[PDB]
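Q: As a plain string of letters, each chain reads:
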Amino acid sequence: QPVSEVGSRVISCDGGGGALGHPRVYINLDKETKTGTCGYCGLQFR
Amino acid sequence: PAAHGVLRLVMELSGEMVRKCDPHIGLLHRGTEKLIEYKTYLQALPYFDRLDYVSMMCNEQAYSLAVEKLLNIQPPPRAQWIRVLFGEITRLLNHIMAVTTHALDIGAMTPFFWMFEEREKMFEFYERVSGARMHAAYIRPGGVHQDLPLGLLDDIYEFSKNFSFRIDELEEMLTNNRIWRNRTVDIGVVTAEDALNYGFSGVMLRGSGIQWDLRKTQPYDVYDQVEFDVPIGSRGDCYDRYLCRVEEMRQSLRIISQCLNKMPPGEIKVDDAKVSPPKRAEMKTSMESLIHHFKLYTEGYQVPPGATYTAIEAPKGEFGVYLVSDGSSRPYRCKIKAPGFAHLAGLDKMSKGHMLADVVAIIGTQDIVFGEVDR
Amino acid sequence: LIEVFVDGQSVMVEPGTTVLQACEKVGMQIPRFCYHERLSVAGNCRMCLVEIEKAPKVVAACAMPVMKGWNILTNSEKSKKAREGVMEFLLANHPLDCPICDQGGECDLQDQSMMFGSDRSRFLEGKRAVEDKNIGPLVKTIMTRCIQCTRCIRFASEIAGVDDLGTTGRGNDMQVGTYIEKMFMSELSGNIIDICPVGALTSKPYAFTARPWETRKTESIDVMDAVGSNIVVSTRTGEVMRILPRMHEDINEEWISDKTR
Amino acid sequence: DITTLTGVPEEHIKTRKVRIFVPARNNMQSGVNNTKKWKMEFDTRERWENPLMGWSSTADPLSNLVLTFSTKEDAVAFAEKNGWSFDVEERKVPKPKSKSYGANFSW
Amino acid sequence: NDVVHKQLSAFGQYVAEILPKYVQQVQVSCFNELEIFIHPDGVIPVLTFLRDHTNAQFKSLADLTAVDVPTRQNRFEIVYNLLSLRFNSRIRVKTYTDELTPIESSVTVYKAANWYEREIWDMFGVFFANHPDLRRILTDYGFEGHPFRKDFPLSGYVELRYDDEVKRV
Amino acid sequence: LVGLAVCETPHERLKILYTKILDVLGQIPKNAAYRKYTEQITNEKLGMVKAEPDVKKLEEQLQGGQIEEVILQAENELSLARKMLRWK
Amino acid sequence: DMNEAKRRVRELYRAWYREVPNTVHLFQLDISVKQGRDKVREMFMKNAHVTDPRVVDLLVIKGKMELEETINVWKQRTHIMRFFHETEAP
Ligand code: SF4
Ligand code: SF4
Ligand code: FES
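Residue numbers (PDB author numbering), protein chains in the order written: chain x, 74 to 119; chain Z, 89 to 463; chain Y, 31 to 291; chain w, 60 to 166; chain W, 51 to 219; chain Ae, 11 to 98; chain Af, 24 to 113.
Keep in mind the hints are simulated off the structure, nothing from the lab.
Errors might be hidden in some of the hints.
DSS-like, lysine-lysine: derived pairs with alpha carbons at most 30 angstroms apart [to be verified]: (1) w:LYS140 x Af:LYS29; (2) W:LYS200 x w:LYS96; (3) w:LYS96 x Y:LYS55; (4) w:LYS158 x Y:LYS84; (5) Z:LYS122 x Y:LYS247; (6) Z:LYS157 x W:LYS144; (7) w:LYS73 x Y:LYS247; (8) w:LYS140 x W:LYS200; (9) Af:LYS87 x w:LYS73.
Extracted from the complex, chain x is given alone in its bound form:
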């Protein structure tokens, strides 16, 4: 998958949809040196 990127900072990943994916979690992006992989989803962020 392509790595999703947002200019903001903290983002919330639910794994797609509401109440059909993993528990809502916020992936921090304090370090631009690395991608923000989701805990359950496995989807990277930056």
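Given the coordinates of chain x, work out where chains Z, Y, w, W, Ae and Af with the ligands should sit on it, guided by the hints.
A: Chains Z, Y, w, W, Ae and Af with the ligands only, in chain x's frame:
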């Protein structure tokens, strides 16, 4: 076939009269109570369906009461209305199965097939709300599991209005059918007091005319708010018990009306998340929700240490749960009263000297189910 | 040695000594986090608040020493509202990680949430979350699940003796992670994996491999050293999973080495 | 002695031992509740692996058995009634300790 | 309800005074369940009166449960539910017993207890005196050791299997 | 009730009931409170017996459905008393 | 006291011993007719060191039920052949 797959009634018959029937239960003692002790409360619940399996809901209701008293907690009213409603559809299930197979034992054959169509239509309901055709682990200690689907109640209505013709036609094949009368009318009478000494329960009492009945006597749910006529028997012969079965069917069919007409909106699980797991939309988006979810399924809820005996009007008789919370999440001991057990104990007194066919019919009036006896 | 009343009954308690230690002496157990004997007392994480028999406001249980015939209602309702009060705050940001967090079987925060915390959520905004701080071959820091019971630093400065790690920043954003990338290696680095209140710090080598309700917990002693410290080996059926220290006054006292771990 | 009354095979009243103790606190926990009250764990025996699926197939009749108690003497006497070999261990309550927030500020 | 708790309380006092050669204590579980204790020798006389009128027309055993507990000077702890009809209410007497002391059977007093004597006998060691016929039920034939002994593995010590060389299970 | 057997003119039999009652319990030492209570209600009920020659309201007076059974209840109390002093 | 109970057990041995050939006959057991007897004697040796007062009479209570079963044809060929452990690996 008359031994219900799991009975070994050895008997020292004469020429063709019995001299003493000698029941030997335990042929299906799966060993339940030992198992229950090792499993937490929520994980113990299914065993109860596996008990009096013909009457699968009322057992669950018996348990959920048995815990709620210990847990000191009260279901939201709608849940109580479901709990009584399916308590009653199940009332009809056991009575159908009872009157029917009791007929099949004496060769009527037909009424069977006329009814299991209906009984199948009832399993369409367990199918619809619980997702299982039977053994619907649906009643919960906290109240009830998922809410029932919108499309259901009219569907129950449409059936219930038309069921009565069916039960009636059954009654035309039986109650007047004087062959059937002669086979079961002078057997097997039990003295009204002598019942009480043996602790007969439910219909086996009412057949001998004693007034007692737990729903009227020590009501546990909205039975305060339903009105129905208990049918007392008289002679105590199998025939009276039969008419009690039928009439109680009609009366349950009365209850369904009232429950349909007063079925309040509101929640169904108890609010107390410490006991009732959070709804999925919620547990996935707030911390405490997820945590109580997690612990409710991992360790399970604790119960205050204590002991009790609840009992309710299960279709065969009162169903009785004696259990003792140690305070841990695993109940310490959970003796399960089985109404059938007492009956079958009383059988040999009730059946001395009777013809060998009549002992077969009289096993059936006892309407016993061995899965419940062997617990 | 002063008389003092735990809620009702009199108790001839030792002079001074914290209210917490008093109820510990009667055996009733106050909810706790930051405090830890064999470590040091601290005023953070005010989950130990308890109500004086008369004085209107609650005080930290591990703070005030008992004296002069005090009575203390641990079960007093105001105490209970206090505890719910705090617990909602702790849970206001700890990430929904219970299924994946390796601490999940017995994290003290869960059980404290069950016994005391109000069940409904009523936070309705956005949790803060923070980047990881890599630390060594062993410990798997995750933070975010961090709750600033400083504890681990009080471990480091007062037992490992290393003071490499420490608190940083103020308000929210303050972090118990050490500033600068530098790795923290020490011989007592392993025991923090035990000491860490939650899943914020858990052993990488054992990670994910098992769950607490599963493993059997045999008692024995270490052999890597002749020091002979007591332990609780933990096995998931026919195979060892993880080692933990078993407290014993003459030797290990709740601690364990590291090469042995 | 009630060995004849119990149907237990001689092997397991003989060639194994009970191991009475009051359980240690899980150290990950700060809790104390489960610590108290004697229990009567037996010794472990062999447990291999299922050739299929890798399950931990097991031979011994009674590995998982465990029993709470209120007093140690009652426990020892208990196993004695059973005619059981035993390994009684001491209750090991932590020594009380002095604590002082201000001792941190001596100098 | 306070009311029921009252009536059961006073009634517990009532029986407590009527026959105190043996009522160790008449605790009321707060959710309205009375339950007096009995010295094990005293089983028949109490239960006897328990059918006999004063108000204690508590006919029909609901059950004869046998709670076990490894501790205590005598482990097994027998329990008797009872129901009175006209005053529709339930009580629950109970005793205690040694592994070896033979307490008497209570079949005559409550009438429908014949099956239970056999039950508890085959689910426990405990023996009931003056019982016409204790024998195994809820088991196999041999089997031996009582289950529900609170010890004793659920997996038991045995298994059946059919074996062709001998052509038999 | 099926076992229950109709018994006309209860009253006589009743008088034999309460008299056999008071007599068989008449051996009770004042000690135990059993004699106290059981006589207490007994004499009250019996007082109603003399008080109520009619049956139709009589069983509205004993507060027990079908006095015809409760005579056998008292019959149970008779053997009860037969046991009371064997129990001493 | 002991001895009063030992006579009980001897009575029990008489009953078992005499009954055994009937057991082999009626059950169609092909065990050597002697072997059952010997095995009986052995089972009688199994508790041949019990010394408590009440425990031994309790032992003959549990001893009655078995002959009680074989005489009533309760149990079966399987159930009574069970004692010989014949399928076990040495
Ligand atoms: S460990 Fe941290 S995350 Fe896992 S459950 Fe306990 S608190 Fe929630
Ligand atoms: S490090 Fe361990 S102790 Fe220090 S804050 Fe993070 S979690 Fe609490
Ligand atoms: S320990 Fe008392 S404040 Fe945290």
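Q: Let me make sure I understand: some of the numbered hints might not hold for this structure. Which ones are they, in numerical order?
A: none
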